[PDB]
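Take a look at this one chain, the form solved without the named molecule, written out in structure tokens.
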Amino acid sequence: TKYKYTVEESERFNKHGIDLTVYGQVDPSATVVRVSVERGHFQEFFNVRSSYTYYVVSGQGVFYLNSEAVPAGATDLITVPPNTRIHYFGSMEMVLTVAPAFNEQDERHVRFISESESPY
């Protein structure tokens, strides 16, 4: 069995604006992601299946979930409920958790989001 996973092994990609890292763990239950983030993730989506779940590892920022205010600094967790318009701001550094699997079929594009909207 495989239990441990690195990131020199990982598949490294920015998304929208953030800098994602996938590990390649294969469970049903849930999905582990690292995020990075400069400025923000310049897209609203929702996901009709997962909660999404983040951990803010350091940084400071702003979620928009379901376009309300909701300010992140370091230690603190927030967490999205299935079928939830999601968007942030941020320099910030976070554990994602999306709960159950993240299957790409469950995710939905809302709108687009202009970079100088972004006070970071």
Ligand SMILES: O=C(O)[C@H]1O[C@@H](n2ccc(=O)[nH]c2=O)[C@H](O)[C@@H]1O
Given for the second form:
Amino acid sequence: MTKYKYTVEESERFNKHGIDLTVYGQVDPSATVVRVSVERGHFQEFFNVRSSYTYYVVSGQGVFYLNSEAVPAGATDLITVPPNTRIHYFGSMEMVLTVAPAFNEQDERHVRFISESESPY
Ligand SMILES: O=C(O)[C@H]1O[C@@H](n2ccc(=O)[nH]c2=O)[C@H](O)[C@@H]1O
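Okay, that was the form solved without the named molecule. Show me the form solved in complex with the named molecule next.
After this comes the whole thing, all chains and molecules, with the earlier chain placed first.
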């Protein structure tokens, strides 16, 4: 009766600001985990007033901008962003993203769009 396993086949998959998200549909107030695929960048800067965003880099290479500070990232790195921190990123990467507490779109705030030409990837 308890659902323990979530598949890609049953996930919601969509493009948001230049990334391809795989939202499995985990419901758990403590944290939600999703997959992020990015070819060139996340062409939008945002922050979340409540949740920390932790990106594990499965493969590829990129650069995060966290409150405008460049943070290079490569395969096997863990990028840990606290709440209320402006986030965008460029790169060609596959990532596993944890949002803790659970992701709630009402907690996220739009700062700006970013031109696709800004990404060096
Ligand atoms: O976190 C990110 O880099 C991007 O992915 C989005 N996201 C992240 C987790 C989640 O469960 N659902 C989402 O839609 C977030 O809004 C942002 O655009």
